[PDB]
Each structure stands twice: as C-alpha cells, then as structure tokens.
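Q: So you can see what is in the structure, the chains are spelled out below.
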Amino acid sequence: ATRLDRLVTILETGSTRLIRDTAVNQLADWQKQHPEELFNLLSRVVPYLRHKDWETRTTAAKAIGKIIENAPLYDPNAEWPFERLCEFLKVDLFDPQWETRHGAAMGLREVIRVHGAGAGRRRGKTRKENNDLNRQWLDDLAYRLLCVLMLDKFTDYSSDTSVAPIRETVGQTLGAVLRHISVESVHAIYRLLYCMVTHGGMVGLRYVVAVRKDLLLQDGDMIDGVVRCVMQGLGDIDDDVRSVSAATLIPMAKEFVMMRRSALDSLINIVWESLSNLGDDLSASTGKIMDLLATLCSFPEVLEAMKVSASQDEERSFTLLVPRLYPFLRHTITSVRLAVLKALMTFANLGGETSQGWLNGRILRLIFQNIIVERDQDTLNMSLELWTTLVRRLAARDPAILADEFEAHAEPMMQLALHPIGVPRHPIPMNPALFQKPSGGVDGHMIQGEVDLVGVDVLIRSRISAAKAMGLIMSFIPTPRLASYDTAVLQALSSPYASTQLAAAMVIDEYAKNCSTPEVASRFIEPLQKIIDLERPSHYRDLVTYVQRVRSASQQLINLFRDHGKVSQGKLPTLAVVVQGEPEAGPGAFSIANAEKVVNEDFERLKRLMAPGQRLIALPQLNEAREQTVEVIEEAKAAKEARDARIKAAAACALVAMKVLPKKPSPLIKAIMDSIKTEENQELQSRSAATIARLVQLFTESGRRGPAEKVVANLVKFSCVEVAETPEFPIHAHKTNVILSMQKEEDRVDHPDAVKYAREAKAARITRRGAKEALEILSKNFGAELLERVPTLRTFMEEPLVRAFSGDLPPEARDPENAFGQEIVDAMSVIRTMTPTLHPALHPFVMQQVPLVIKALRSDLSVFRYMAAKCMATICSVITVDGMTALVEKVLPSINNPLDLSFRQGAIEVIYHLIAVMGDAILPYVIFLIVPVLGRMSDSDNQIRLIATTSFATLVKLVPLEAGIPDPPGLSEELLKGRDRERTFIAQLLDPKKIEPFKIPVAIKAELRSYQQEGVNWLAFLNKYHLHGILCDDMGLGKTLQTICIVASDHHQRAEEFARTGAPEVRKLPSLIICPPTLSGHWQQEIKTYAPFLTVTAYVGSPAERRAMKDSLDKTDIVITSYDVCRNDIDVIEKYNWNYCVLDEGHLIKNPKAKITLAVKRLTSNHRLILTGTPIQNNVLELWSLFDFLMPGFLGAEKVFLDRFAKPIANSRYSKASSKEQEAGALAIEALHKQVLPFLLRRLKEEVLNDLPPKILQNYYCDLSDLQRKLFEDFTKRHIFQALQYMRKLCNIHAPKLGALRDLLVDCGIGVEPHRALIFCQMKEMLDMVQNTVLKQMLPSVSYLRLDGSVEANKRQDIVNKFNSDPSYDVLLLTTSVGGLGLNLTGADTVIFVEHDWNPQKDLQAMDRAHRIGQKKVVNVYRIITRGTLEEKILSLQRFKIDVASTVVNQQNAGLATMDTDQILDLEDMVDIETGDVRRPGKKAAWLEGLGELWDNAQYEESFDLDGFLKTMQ
Amino acid sequence: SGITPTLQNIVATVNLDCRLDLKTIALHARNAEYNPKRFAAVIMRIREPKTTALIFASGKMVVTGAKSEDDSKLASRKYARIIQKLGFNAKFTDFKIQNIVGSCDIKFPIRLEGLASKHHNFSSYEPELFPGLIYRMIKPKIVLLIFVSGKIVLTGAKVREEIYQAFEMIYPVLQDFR
DNA sequence: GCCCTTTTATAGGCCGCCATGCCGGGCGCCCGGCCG
DNA sequence: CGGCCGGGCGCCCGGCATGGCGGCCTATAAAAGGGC
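Chains as they are written, first to last, in UniProt numbering: chain P, 2 to 79, 310 to 429, 444 to 686, 731 to 1567, 1586 to 1599, 1630 to 1650, 1664 to 1817, 1840 to 1886; chain G, 76 to 253.
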C-alpha cells in the first residue's frame, strides 16, 4: 500500500476530528505537491460518498472539496475534466437508496462551488458560443436539483422539529450552482420555484435569497413575491410548513426592511396574530416564529411601524402585544419553552420606549415561578439570566420604581422560595393557589414536590436557584423597605424544617454576595453566628419518617419479647403514640435517644427476667432484632448528621461572604471542611469549594498566617484521599519489577470480599471532587502571585521531592511503616492536580521540578515509577515544548538500556501514560517515540512487551499522516534538530531509499564476498531497529563470519561511545553463543582469527571446574556454551544480562515441549539471532517455536497460530483440483509467508555458488514378489506404530530391494570389476542385511567399509578420512542419522538411498555428505523404491512436506523484503421482555439484531447552518 | 418499612385505529427500522423522552423506556402524531399500561437458599436460565425477582404504588437471610 | 377438548478435536576409574 | 593429581488410529399457544 492509500484510509477510520481534518489537509497539500496525478487521488476518495455512515461521507465531501482547491480552472479561450465525475454524480442524484443521494448531492456541492465557472466548456469554440453550453449545462443541473426538490421523500422525525437531509443538501447544492448562472436563468429558476410555492421545496427560496442579492435590487417583484409566499406560509395549517416558511425571513430581514412601508407593516401583523393563535401540544413551529419576531423587532424601522400603528389603534400597541407571549412560557416542548425566554430577553434590551410598557410586576412574578418549577438545566439557566437582565434595568431606572413594582408579590414568592423539599414518600406540596396562570392574574407534579419522580438534585437546584434569583432583588430594594422580605427570611432561618432553614441561609448568601458593599448586610451577623455555633435542635420536621421507622422497629422488638420471649406484660416500657418533630408534638413524644436507650438498656432488663431457659432459643431472634434496630437507629442519626452539616455549611459560606471572621475561626473552618468532605450534591458542594478559597484569600490578605496555612494544608491532604488515583505507599513499598499501569488486570483491585470497599470507593472520590475544585479555584484566584503568598503549597509540592531525589534515595523511603514514603507519592499527586490550571507565569517553577521527577522515574520502587509516570504525562501535556524537550533528551534514550530493567519499565510507562493523557494532540512528536516503542515491542520482560504492544496498536495509526505535519509554533532548537534526525533515521525504514552497505570497521578483516556483505548489511538493518530474525542460509556459506562481523561491530560501537559520554546505557556487557558442543573449537579459532580484540571464555568443561565461573562469567566479551550443558546450568547462566544471544542450531529448539527449548526461552538478551540450516522440517508450528524464541509478541499465542495456520496447512494432504480443501492451504501458505518474510533470509548454496559441483537425481523402481504381497495381505486383515514398523520391516536372496541394489551396483565399476559409492539405510538391521549378502554372496569383489552409530567417536575421524582419500575402498555402508554436522564424505561419487525417512531435510542433509564445497565432480544420487509399496506413501508425504517448507520462504534478500513492517508487526442488569408476557429468557428478537445506538443531533446543525455555507461561498 | 424502590422501565400500548402499512414507514423515515425476517414489526425511536416504540401492521402500538405515567403518555401521543403526519389516518384513543419494572439494591448479600427452604410454597431457586431466584408473589400480584448480590427487581405491576406495596412486604422476609 | 406449531429437551450420529501410544537410533553429560 | 576410557542413563525423534470429550443440528418427547 502506498503512502497515498494508507493516508486516504484515515478519512474513513480515525480517532477524532483533529486527526481526520489533518488527514484531509495533508492529502490536499500532497496533491498540491503533485498536481498531475489528480484522478489517482479522486478515484480513491470518491467511493466513500456511497459509504453507509454519515460521519465519513461528510468528510469525504470535504476532501473532494479541499483537494480540488489546487487545480486550475478550465478555460479554452485563454473536455471539461470532471465530466465523468459529474456524469456519475448527477445520476447517483436519483439513486433509490438514501445514502448515495446525500453523498452525490454533497459531492456536486463542492465540485460546482470550486470549478463551476468552467463547467461544460468545450475546446476550440469561441467564448460567445461556448458560454451557451456553460449556461445550458448549469441550467440542466438546476433542473435536476429542482426535480429532486419536488420529489424528495426521506425525512427525519427523530426530534421535536423534523428535518429533511436530502432536501437540505440539494437545496445547498442549488444555492451553489445558481451563483454562477446569469440573471437571465435565475429569473426562470425563481419563477419555477414560485410556482412550486403554489409539497413545496421552499428551502430553495431561502438559498436563492441567501447567495444572490443583485436580484432583490433588480426589481421589487422578487422581494414582493417571496414575502407574499412567506406571508401565506406563516398562517398555514401544517406546522411543518409554518416552521420552514418562518425560517426564510430570519437571515434576510436586514435587506428586507427598506422595500416598502406596507409590506413590513402587514408582515409584522400576521406574525403577531399567527403567534397569538395558541399552539398544539406537539408543534415546535412556534419556537422559530419567536426567533423571527425577535429578529424583526430588533430593527428601528419596525419599531417605528409598531409605534405609528399604536398611535392609530390602541389594540395594536406593543405594550399590549408583548404579553401574548406569556402562555408559552411553560409549553411542554422544550425548544419553544426556551425560545420564548430568548425572545423576551431580547425585548428586555430594546431600550426605554419599548420596555417601559410591558415590564411590570406580572412578568417578574411569572418568571420567578417559572424558574422555581423548571426542570431542564438549560431552560432554568436561561430564565435566571433573563430575570437578572429584567431586574437590572428596572432597578437602573431607580430603586423606588422596582420596590413599588414588585412589593405586591413579595409575600407569596418569598413563601415559595423558602418552601421545603421533604423525604420521598411524604412530600410537602406547594400551595397551588400561589401559581398565577399567565392568561389571567400537565407537569404540576413539580409543585407537588413529588421527589419519587424527580430526584433531590433537581429540587435542591431549584431552591438554590430561586435563592440565587431573590437575593438579587433583595439588594436593589431600598433598605428601609425590606421589612416584608427581611422578617420572612429571618423567621425561615429558625424554621423546624431543615430545608427551609438551609434555603434561608442560601437567600442571605446570595444577598450578601452581590450587595454593593458588605456592611449593608451587617444586621444579619448575630442570627448567622448563633446558627453557626449554637448546639442544634435535636428534631427536624422533614426527617420525621426516619424516627417513625425507628419506633416501628422498636415496637417490633417489644412485641417479639411477648410472642417469642414469652414475657408476661404489665411491665414493658410504653412507646409513645407521637413521634418527635411532628406538628403539635410535646416534649414527651418519642425521641431517637429514647429508642437508643430502649435498644440496649431495656433489652438487657427484659433479658434479665424473660422466660427462664428459653432465653437460649429466644436469643437468636432477639439478637437479630437488636441488630436490625441498631441498623436503623444509626442510619437515622447519620441522616440527621448530614442535614445538620449542610445547614452549617450554608450558614458559614454566607457569614464569610459578609467578611466576618471570629478571633478563633475553628468553627467556621470545621463547618466548611466537613461539608467539603461529605455533601454529595455537586451543585451544593461547589459553593463550599469556592467559598473556602475565598476564606483562604481573606485570611492571608488580612495578615493572619496560622489559619490559612492550616486549612490549605488540610485541603491539600484531602486532594490525595483517592486511592485509585494516588496509591497507598504502605501497601506497595515492597513491590518492584512490576508496572502498576498493567495491574488493573490483577485481582483484589475491587475487593469483592466486602461491600465496605464500594462505600469507601464512593466516599473517597466524593471528597476528592470537592478538594480538587477548591485547589483549582484557589489557583485561579491567586494567579501569578500564588507561590509568593501561600508558602506551604510550595513546600508540599517541592521540598519532599528535593530531599528524596536530589541524590540517592535515603533508607527512610523504603519502609512502608514510615511517613516519608507516603509524602513523596503524595507530592507528585499535588503537582498532577495543580499544573493543568496553574498560572502560566509559574511554569518555570514546574519546569524546575522536571529534573527531579525524571530522576524519580528511574527509581527502584514501582509505586514511585507509577506516580512519576503519571506526573510526567501531566506536566509534559500541559507544558508541551519545554517538558517534551526535557523528556526527549533525558529519558527517551534510556528506553534502550539493556544493563538493567528498572529504568526501561519507567521509560515505557511514561510513554503509555503520555499517549493516554495527551490524546490526539501528540502528532507533532509521535515520530520521536514510535521506533523506541517498536524496539520495546519485542523486549524480554512480559510487562514491557504487553504495554509496548498496547501503545503501538494506537501509535501506528497516526504515523502515516505525520510525514508533513507542521512544526509546533514555539519550538526549542534542541528538539527540532532531533526532529530532522529522527525523520531521516526512520526514512530508511519507511521507503526503499535505503542506506548504503554497512561500514564494517577495518579492525575486522576486510575479506567478504558479495552475498556475505549483503547478509551483514541485513543483520545491521536488524540491529539498527532492534528487530530479530533468522540467518537461515545453507551450509558452506560463511555464516560464522557474517554473525561475528555484526557482533564485533556492535561491541566496538558500544565500547567507543561509552567512553565518549557518561551514559550507563552503553557500558559493556558480555555476549553468549550457543552451539552444538563439537563446534566450540571451530567458533573459538574463527573468533580468535577474525575478531582479535574480543575476549572469549568457553563455559563448557568438567563440572568441578565449571563451578568456578559463577561470578567470573561476566568479565568476558563472548561466552561459548553447549546446548546440553545450558539445559543443565540454565539456573546459573540465566541470572546475567547479556547482549546478542546467538543460537548456532535452531533445529534443537524447534519443538515447544522439549526441555532444551524451555531452558533457552528463559534467557534475557538485548538481541537474538538464529543460524539454523532449515527452519521448516515437519510443520509450521516448528517455525512458531523459533519465532516464540525470537520475539514472543509477533506471531501470537500458540494455539491461535495453530488454528490459523497449522490445521489449514494440514488439510492439504489430499488436495484436489480447485477444491476448498486445497484453497485453504494455498491461502494459509502465503498468509504466513507475507508475515514471516522480512525476518528470514534464505539463500541456496546451489544458486549463490557455482564453485561447488553440479547435482543430478534419479529414481530406481523394482518389483513386488508373490510371497511379499501375501505377507502384506495376511497382515492387512489383522496402535498404528506397531503396524507401521512391522510393514517397514517386512517389506524389506529372493527379495526385490536387495536385487535392485545388486543390479544397481553391478552397473558400476565396483561390481563389474575407479568409482565410489555411499549406501544409506535407516534401520541398522537393513545395513546388516546388505552387508551380509552383497559382499558375502552377490558381489564379493567390492572393498566395503562401514560407519554407523556403533563406531566409537575416537575412530570415526580415522575411518572417514581413510575412506575419502584412499582409492582402495569401494563402498561405504552408513545410516543417515549418524554424525550430521561435519561428517567429511566429500570424496563420494554416488549416493544410494536404500530406504527413506519421513523427514525431508534429513534426507537433504544426508545428500550434503557428497554434494559439498570440497568436490568438483558431479554428484548423482539414486533412490531405490518398490512399486505400490508403503515406500511410495513415504515419498509422497516427503514431497508435500518439502513443498510447504520451500514455498513458505521462497525467494529472500535484503532488498527484496518489503518496507511495510509496521503493518504486520502489530498483529443490562435486568431484561424482562416487553413484547409479550413477562419473562427472563435473556435473549429477544427485536433489539438484539443490531438496533445499535441513536445518532447525536448536532451533526445536522453543524452541516446545515446557513452562515457557514454562505461564508464558504464567498 | 424501609428503603424505597425506584422505577427503571415503563411499557404501554395503544390500538391505533387503522390497518397501516409498514414498508412505507421503513422507507420514508430515517428514524424507523424494519425487516420481517428478523422481527415482526417496525421499531421507532425519539429523542426528547428517550423512548422506543414498536408499530405493528394491525395498528397496535407498544411504547417502552419511559420512566413515569405522564411521560409515557406524552411519548405515545407524540408517536401517534408522527404516524398521522406520514399520511396515514390515525386516532390516539385507548391507552393502557402493560408492565412496570421497579429496581433496588438490598444493603446486604443474601443466602437465598433459605428463601427456597422456608418459602418454596411460593419461591423457586433454579439457575438454569437466569441468576438468582423467582418469587411469584400473588398479592399484590407481581413477578418478584431477587439476585444473590442483593439486587432486587419487581416486575409485572400495573400501577405505581403496587411496587412499593410489594417491596414493603417482601423486605421483612428477606431480612432473615443475611 | 384436540391438532400442529414453536421453543426446549436428552439422545443419536457425527463434526471436530486433544492427548496419547512406540522402539529402534542417536548424541551427549556425567560418574567411576586407569592412563602417565 | 589431570587426562582419557568405558559404562550409563537421559533426552528427542517419528507416524496416525482411537478413545475420550464435547457440542453441532435434529430425533422422539414435552409444555404452552393459535386455531377450530
């Protein structure tokens, strides 16, 4: 896939807007860089216009728009290029499907916008005669769009107001097209559309009036006709037609107003009367008429019209017209309910003459009761703002006007604002007589106080909003007049209802807050102080239900003592008939303390004398009942406690707003802090959170030190209570070599053994949400001056970190039992909470802590690294340029440190948290940290591998479009230079503009042949990016020289820069080489000659001597070790950390279950390499084992690989022609190959070298005798292993195999009478069979010799070098599985396989005894086989296995490998069915089929808003 | 007496007096979805009450997802007005509730095997098709349900206060079982 | 009060699979011991 | 004593039927419902 095609895919799939609008921008810019290949991009981006999903279709339309901005306009006078595209889209414009017509119209929109001026031109015809074709073509397109407008029927009723997406889009396209055509055609379009007014495509008129304004100047008939249409549309029956006809006037009122007096003077009257026609319960058309009326009424000439109409007729006066709006103030539909508020608020700002009439007491009262009964947040907010504007101007006339205007309603509305809430089952209704209707001076369960339908969040919000409103007018009333409000609020301040008392405190809070000066509120100081610090009343009227429940449970206990305790009565305690706090209840009534004393003391008293002996069986029920009463009593007490805390806080906040602070302020501070900790209702908690910051500001400004210091320290402590965001050091102090960011997978995070965990998990975040907002508001209040005047907030933020990480960690920090460990996991949390809203002037202070935070990121304790990673991901995302240059230079290089593990885990954890927190703004810097993550994705430690692949799964999708990203605006040079360096570093991995061949240093001998140089270059390519692979070359090639070249080059480069710079990440560490033991001397001699500067130590040796290298083993540069001692001494060789682990024989680890592979997989190494002769022998799972050694996370989990490849490959044993049994394997082979390809390197000795001799093969066929086949059959009629072995035995002087061998060898010099032959067998018995017959009876002439497993290792060398050099030996008898590695049988002429083996690679390895570098005569190999026998089955299976073994690797080279390595390396609580009788089946028909989720409505408004289009259309 | 339940779902039905077709509803509106193969009837959604409604070819309707009586009535009437707007004749006349789904979480986990032992004359504890137990309580007539975790679900009621009346009388017996 | 449909079941016949079964061959590390 | 000889057990290799193990859909069986 090209860069173009990977990039353009991002338009369809992407994380967010910020990514796709970058993708489209890069696509358009790259087209500007290559303007000649336009349609190569267009043919790729166009097909998304038929995509089924709205969200990608619109951005594809944006793409085809932006991309064509570059191309020049066609003009033949200075074959229209898009003729094919427009011809397609203009027919998709009538597609029966829905999606494609929207797509086609939106594409034509952009094409016609950008290049419409050249549409339909023709070559070689003069301007005056091709203008005809241009005009005709644009007119035809307009004709088609009008036909669609008349025939559109695909609408959307998903919201209160309908919309027609196809009609809107084609309307926009017609608005686009008609900008280019001449007025001669525009008039025909206008006439046709006006006929369509008479169902109606009226939106065309909106767009016509929008884009063209020469037309309204051309003649008055245009404007007359359009507004005649609109006038006959406003009064229509269909509410849908009303809305669309009303909409058209809104954007064009300004250019409409001056046409003529009468037109406006009539339009305004019809607008008013259509408004006055009362709406239906389910019609939102009125809401848009409100916007029309608010638009017209804002312009002065409309005011003049209304004024002169009022002078003519009083009934038409504005003062009388305005109150027609009032019945809609509580219409059911949310849209109109808010639109009326908007319009009336606009009317409020309309000056003096137009406001003085209607702005009277009635609308104040109506808006106040409206804010009380509102439930939608948006409507309530708008209404409160409206109230503020009305009160402000009405007071801005003078205070006495307002006082006289509103005092008529002071009593009922003051009563209504202070009205209590009450507990759910027992609400106190509002007195409905207070609710004046709008007409005279459905959703009423709000005034019922029906808490069961409306949660207490809504009601508390309503009451505090009412207080927030009424405290405004209480400030503008002249203070001598206040008596009616003042007495009411002051009596409510001692009400027996908790809610009323709190609301009174809220009202005074608002009053004192916004009052002009604080001492005006001075008369309230004592009544607020006493509530703040007097001991409270013990009963509250709204809480009566709780104590009633308590009495019920106590009565249950007392009755239980009769029914189950058998207690004779006449001495039980009487429980009172009335519960405390109820109306008219005397002090004798039932109190909670009476219940509490009954629940223990009288309980014990009766247990002293209840039924004797039965006590032991009354005990369980009585104890359960006592536990029940204890459960309810403390719940009621806690409810009282929370209510009392809330009233105390509401008092304290008002008192501090009045700027009173007693000499010892402990009660205020406690009242506020205990509320911050507890109150769950966010809209209430925020008030305390802000006023505590006000208190800190006031205390520190007043010249008082202690209380400010104390309370800021206390809330700083409160900030860190959230365990899930600030882990407990005492729990985690001992944990190391683990990354907490992955630990969410672990058990015990949610503590399932106790629900107390859930309680604390709630209560901790409840206090954190408050304290964090308090800190942020404090930061906003203090600005640049913060750390100058709040000293402790510096100390907690810096000084523990300074002491901890200035040098080595002191021993105190490692104790979970010690305080200092927790302090420095807290300080980074303080920074994490402060920095995103700290004032920009203090960024240097935060940056001065980065050297300490980054040091803490490289520390032993896992909790410290976790917090450091989060804090760094926060700092570097807030302060981007300075934080990230520090990161890029300091910790980014450490990510490749192989010497130890603590540093690397932090270096990857910070990347994980940084990607997560930074989000899609990371694009300016992704190129810095992509390739370290690719390096770590193959790393040893499983935690690092998992985090790395999780990060890379997202990081890879950004990088296709980063090539070209603009720089950050403010940019340190140290990073930009880094950016160029990284771009060039990764370019060689991104495209075939490759580096020149690796410069092997001259310290290594300069004798390399071409293919070996290519192999060293490939290994250097692997070394650069920390990839791993297999140098799977054939024998005889200089594999050892290549691997030593790369290894010595790596060690030399590592040596030099460790000396040059003081970086621990590069100091030397030893390598190890694992080989079969016999090759140890070969390796030692070869390294000693070709790489003299490397020290080498052979670990193989006698165990008593081997024991002595337990610590010395680190000293060397290279270790050489046998596999078979590594399996034994893995326990002591694994403890070290090495570089460049090399395996000389991959065949030993091929099987996942062999012990040697389980040993080798345990090693930790910086780089891995295998020098196997042949990876594939039997099946691809053997290759999985190798790749599990190399890079575990690449080829996937074992049985998943099995399912994907191993079985599909195995299916092809008996493949037919064009069968799926064959095609599945054919797919699997290439699917595996394209993934494996860049990591293998296969080269055939017969293709690279012609120095070695040629090769020939032949097959030799023989008979099957009568006795042989009778034995076959008589066994056939009788595990599989027994039969298989028996068959392979019995199928072998009258036997055909021996006769074939006899006649073959008498076809050679050995038998007829120099010549040399090798005889290969698989069973030693068969070697004996040939031995004891061929030279004994058949051909005694042959000078035979033997070599098999029986021959001891001390004489095989003498025997073989005798044979290969002495001409007297005619024939060598041997078994294939003997020796293998270096058996020197090069002198042979011919190879005879007397019998065959299941392993093909073993047979090729046996052939390589003769076909070797040490020969020049042709090698001719014969395979004897008997017709029809089991031998043929063996050979066919061998053929299939070698077939897959070949095609799975096929051609390989350094340059023929592909560049797209990144693309492969990533690898309800109750459902009771509601369509029938109730049941819990768990699955149902209707919804489970993919009903999905309903779309958000914003996408319509963000695409059909006329203003954006009109800007886009010049 | 004790902690109050809450309502989480409502269901109602109307016999819209017409034999209206379905594929027209499926074609003309983006809002509707429809295929006879997988389900019998058209499904519609609307955003303000946040409910879903099923329109059957016989003219009968079902509404779902509302959380109050008047809210469900408003939604159903709104749907009836939508169908009228699509060109078919309609009347919103007969309105009946057909389900309620109360929900609450008991303050403790339950050893509900004892709720089988001492109350199998009404209760049942089989895990074969669902978690927890079923309690086909007869008066008030609701198909009560309890989970082991303590979540309690009250089903099949026809009027609001019925759920509270059922909860208040079941809670004392489940109190016994930890 | 009865027939056939639909969902549901314990069983049938198999689709699909996991892990084992072996003995004749070979290299290798380890021990006890004789070699000089 | 280390060097070298010999005995020694260990560790890997190599095929495909077969029994266990399970669920795939439908059988012969069952309750609940549309239709009469």
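FYI, nobody ran anything at the bench for these hints, they're computed from the structure. Treat the hints with care, since some could be wrong.
Stated by the list, open to error - Far from chain P, some chain G residues (derived; all Cβ distances over 10 Å): (1) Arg94; (2) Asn106; (3) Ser178; (4) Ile213; (5) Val218; (6) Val234.
As the list claims (entries may be wrong) - Some but not every residue of chain P turned toward chain G, in silico, with C-beta under 7 Å: (7) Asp387; (8) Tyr388; (9) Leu1689; (10) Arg1706; (11) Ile1709; (12) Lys1855; (13) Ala1857.
Stated by the list, open to error - In silico EDC-like links for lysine to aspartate or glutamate, alpha-carbon gap of 20 Å or less: (14) P:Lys1424 <-> P:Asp1406; (15) G:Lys182 <-> P:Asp831; (16) G:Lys98 <-> P:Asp526; (17) G:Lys226 <-> G:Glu201; (18) P:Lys1144 <-> P:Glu1178; (19) P:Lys1559 <-> P:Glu1781; (20) G:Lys182 <-> P:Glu1285; (21) P:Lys1144 <-> P:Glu1106; (22) G:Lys112 <-> P:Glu1861; (23) G:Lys160 <-> P:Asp485; (24) P:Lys356 <-> P:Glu314; (25) G:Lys125 <-> P:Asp1115; (26) G:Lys226 <-> P:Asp1418; (27) G:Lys160 <-> P:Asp483; (28) G:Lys142 <-> P:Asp387; (29) G:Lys160 <-> P:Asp732; (30) P:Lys926 <-> P:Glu871; (31) P:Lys384 <-> G:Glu201; (32) G:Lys182 <-> P:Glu924; (33) P:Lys1752 <-> P:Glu1781; (34) G:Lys226 <-> P:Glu920; (35) G:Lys166 <-> P:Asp732; (36) G:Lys171 <-> P:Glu1519; (37) G:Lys148 <-> P:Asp732; (38) G:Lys125 <-> P:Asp391; (39) G:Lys226 <-> P:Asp526; (40) G:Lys166 <-> P:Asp525.
C-beta atoms are modelled at their ideal positions from N, C-alpha and C, and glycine is treated no differently.
Q: Would you mind marking each hint as holding or not holding in the structure?
A: A quick look at each hint next to the structure:
1. The Cβ of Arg94 (chain G) sits about 20 Å from the closest Cβ of chain P, beyond the 10 Å cut-off, so the non-interface label holds.
2. For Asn106 (chain G), the shortest C-beta to C-beta distance to chain P comes to about 5 Å, within the 10 Å cut-off, and the non-interface label is violated.
3. Interface exclusion of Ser178 (chain G) from chain P breaks down, the closest Cβ pair being 7 Å apart, not more than 10 Å.
4. Listed as outside the interface, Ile213 (chain G) is consistent with that label: its C-beta sits roughly 15 Å from the nearest C-beta of chain P, beyond the 10 Å cut-off.
5. For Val218 (chain G), the requirement that its beta carbon stay farther than 10 Å from each beta carbon of chain P is not met, with the minimum near 6 Å.
6. With a least beta-carbon separation of about 14 Å from chain P, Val234 (chain G) lies farther than 10 Å from that chain, consistent with its non-interface assignment.
7. Nearest Cβ of chain G to the Cβ of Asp387 (chain P): about 5 Å, under the 7 Å cut. The hint holds.
8. Nearest Cβ of chain G to the Cβ of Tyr388 (chain P): about 5 Å, under the 7 Å cut. The hint holds.
9. Given the 7 Å rule on beta carbons, the hint for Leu1689 (chain P) is violated: about 80 Å separates it from the nearest Cβ of chain G.
10. For the restraint placing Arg1706 (chain P) at the interface with chain G, the shortest Cβ-Cβ distance is roughly 70 Å, beyond the 7 Å limit, so the hint is violated.
11. The beta carbon of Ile1709 (chain P) is not positioned within 7 Å of any beta carbon in chain G (closest approach about 75 Å), and the interface hint is therefore violated.
12. For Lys1855 (chain P), the shortest C-beta to C-beta distance to chain G is roughly 10 Å, which exceeds 7 Å, and the interface hint is violated.
13. At about 5 Å, the closest approach between the beta carbon of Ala1857 (chain P) and any beta carbon in chain G falls short of 7 Å, and the interface hint on this residue holds.
14. Restraint check for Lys1424 (chain P) and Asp1406 (chain P): satisfied, since their Cα atoms lie roughly 17 Å apart, inside the 20 Å limit.
15. For the proposed pair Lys182 (chain G) and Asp831 (chain P), the alpha carbon gap of about 23 Å is over 20 Å, so the pair is violated.
16. Under the criterion of a C-alpha separation no larger than 20 Å, the hint pairing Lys98 (chain G) with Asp526 (chain P) is inconsistent with the structure, at around 28 Å.
17. Taking the CA atoms of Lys226 (chain G) and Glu201 (chain G), the gap is near 17 Å; set against the 20 Å cutoff, the hint holds.
18. About 13 Å separates the Cα atoms of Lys1144 (chain P) and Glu1178 (chain P), which keeps this hinted pair within 20 Å; it holds.
19. Taking the CA atoms of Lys1559 (chain P) and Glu1781 (chain P), the gap is near 17 Å; set against the 20 Å cutoff, the hint holds.
20. The suggested pairing of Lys182 (chain G) with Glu1285 (chain P) is violated, with an alpha-carbon distance near 73 Å, which exceeds 20 Å.
21. Between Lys1144 (chain P) and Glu1106 (chain P), the direct Cα distance comes to roughly 24 Å. Violation of the 20 Å bound is thereby established for this hinted pair.
22. A threshold of 20 Å between alpha carbons decides the hint, and for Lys112 (chain G) with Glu1861 (chain P) the separation of about 11 Å falls inside it, so the pair holds.
23. Note on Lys160 (chain G) and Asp485 (chain P): the hinted pairing holds, with a Cα-Cα distance of about 10 Å set against a maximum of 20 Å.
24. Note on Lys356 (chain P) and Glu314 (chain P): the hinted pairing holds, with a Cα-Cα distance of about 18 Å set against a maximum of 20 Å.
25. Under the criterion of a C-alpha separation no larger than 20 Å, the hint pairing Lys125 (chain G) with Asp1115 (chain P) is inconsistent with the structure, at around 44 Å.
26. Restraint check: the Cα-Cα separation between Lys226 (chain G) and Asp1418 (chain P) comes to about 57 Å, which exceeds 20 Å; the hinted pair is violated.
27. For the proposed pair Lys160 (chain G) and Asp483 (chain P), the alpha carbon gap of about 9 Å is at most 20 Å, so the pair holds.
28. Restraint check for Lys142 (chain G) and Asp387 (chain P): the C-alpha separation of about 25 Å exceeds 20 Å, so the hint is violated.
29. The hinted pair formed by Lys160 (chain G) and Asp732 (chain P) fails the criterion: a straight-line CA distance of about 26 Å is larger than 20 Å.
30. Restraint check for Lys926 (chain P) and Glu871 (chain P): satisfied, since their Cα atoms lie roughly 17 Å apart, inside the 20 Å limit.
31. With a CA separation close to 53 Å, the supplied pair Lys384 (chain P) and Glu201 (chain G) exceeds the 20 Å bound.
32. Between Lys182 (chain G) and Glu924 (chain P) the alpha-carbon distance is near 12 Å, which keeps this suggested pair within the 20 Å criterion.
33. Restraint check for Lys1752 (chain P) and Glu1781 (chain P): the C-alpha separation of about 17 Å stays at or below 20 Å, so the hint holds.
34. Between the alpha carbons of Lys226 (chain G) and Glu920 (chain P) the distance comes to roughly 19 Å, so the proposed pair stays at or under 20 Å and holds.
35. At most 20 Å may separate the alpha-carbon atoms for a hinted pair to count; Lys166 (chain G) and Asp732 (chain P) exceed this at roughly 23 Å.
36. At most 20 Å may separate the alpha-carbon atoms for a hinted pair to count; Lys171 (chain G) and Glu1519 (chain P) exceed this at roughly 63 Å.
37. Restraint check for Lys148 (chain G) and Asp732 (chain P): satisfied, since their Cα atoms lie roughly 12 Å apart, inside the 20 Å limit.
38. A hinted pair counts as satisfied when its Cα atoms are at most 20 Å apart, and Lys125 (chain G) with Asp391 (chain P) qualifies at roughly 12 Å.
39. A hinted pair counts as satisfied when its Cα atoms are at most 20 Å apart, and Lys226 (chain G) with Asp526 (chain P) does not qualify at roughly 39 Å.
40. Between the alpha carbons of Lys166 (chain G) and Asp525 (chain P) the distance comes to roughly 16 Å, so the proposed pair stays at or under 20 Å and holds.
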